[PDB]
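Take a look at this single chain in structure tokens; it is the form deposited in one PDB entry.
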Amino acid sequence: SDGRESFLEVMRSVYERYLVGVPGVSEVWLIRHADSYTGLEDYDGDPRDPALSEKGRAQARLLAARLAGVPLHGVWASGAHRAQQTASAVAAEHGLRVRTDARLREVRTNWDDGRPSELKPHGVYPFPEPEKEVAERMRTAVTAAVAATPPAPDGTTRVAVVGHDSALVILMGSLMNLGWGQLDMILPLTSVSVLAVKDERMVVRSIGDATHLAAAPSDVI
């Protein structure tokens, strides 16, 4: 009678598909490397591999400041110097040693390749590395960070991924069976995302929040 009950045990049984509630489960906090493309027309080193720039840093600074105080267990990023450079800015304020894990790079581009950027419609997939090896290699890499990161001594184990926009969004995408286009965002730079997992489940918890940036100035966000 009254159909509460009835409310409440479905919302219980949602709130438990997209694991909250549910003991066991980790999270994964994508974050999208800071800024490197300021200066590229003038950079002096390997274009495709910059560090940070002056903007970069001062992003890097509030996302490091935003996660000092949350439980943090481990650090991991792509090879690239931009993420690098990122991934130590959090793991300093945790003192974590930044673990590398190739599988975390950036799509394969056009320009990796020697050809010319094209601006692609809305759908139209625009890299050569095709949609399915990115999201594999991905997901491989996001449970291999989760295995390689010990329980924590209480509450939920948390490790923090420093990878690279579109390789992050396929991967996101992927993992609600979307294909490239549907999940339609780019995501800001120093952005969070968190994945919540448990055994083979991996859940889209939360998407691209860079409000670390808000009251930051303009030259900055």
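Definition used throughout: the rigid core is the maximal C-alpha set that superposes within 1.5 Å between two forms. Residue numbers count along the first chain shown, from 1. What changes on going to the form deposited in another entry:
Once the rigid core is used as the reference frame, the Cα position of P150 differs between the two forms by less than 2 Å. A movement of the C-alpha atom of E136 falling short of 2 angstroms is seen between the two forms when the two forms are aligned on their rigid core. After superposing the rigid core, the Cα of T38 is displaced by 2 Å or more between the two forms.
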The other form holds:
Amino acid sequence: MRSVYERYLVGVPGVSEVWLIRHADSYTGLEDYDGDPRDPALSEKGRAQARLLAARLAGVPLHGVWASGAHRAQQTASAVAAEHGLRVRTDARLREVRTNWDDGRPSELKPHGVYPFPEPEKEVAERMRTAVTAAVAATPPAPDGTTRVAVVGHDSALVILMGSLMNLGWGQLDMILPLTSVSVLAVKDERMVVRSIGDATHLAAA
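If the structure you just shared is the form deposited in one PDB entry, then what does the corresponding form deposited in another entry look like?
So it's only the chain below, everything else dropped.
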């Protein structure tokens, strides 16, 4: 009967938490899209979100911080890591789904919910899952209590990961992850379970 909470990773020894974080606001500070548009820094707004996120996470025990190689993810992760004495570790498997088609067009957003991206959903989920597993594997276990790892990534890849863990097809999990939102996973080896999704309540304060 409690094989149902073995699959829920509840009351199970050696469960780690992964706090999936969408990066903060970018496209560069809005004097104009002044810098290199291919890898923009956080905007002035995004820098403020990243501060509120880093303050909220300052109060939590944290044992590793990972990000994609995108500047906007790195800069969000760096604010978080600095509150804890951690390095940011980088993994290309956390990059956003490929959105541009090779023939010249961008990815549409059909209402139906047929998956619209040129990189297949199962590929995105597999690299995201592998990254999450590898990050936990790379983190020494917390001295007391739950090993916790922050992972800073990108909206569509994060939702694709969470939907795959929840057995929900593209667009069934009909929500948009806020910038600097926190979604918590529970991880025990290759078992991985969604605990919470999309919380950006630290943006309510300021």
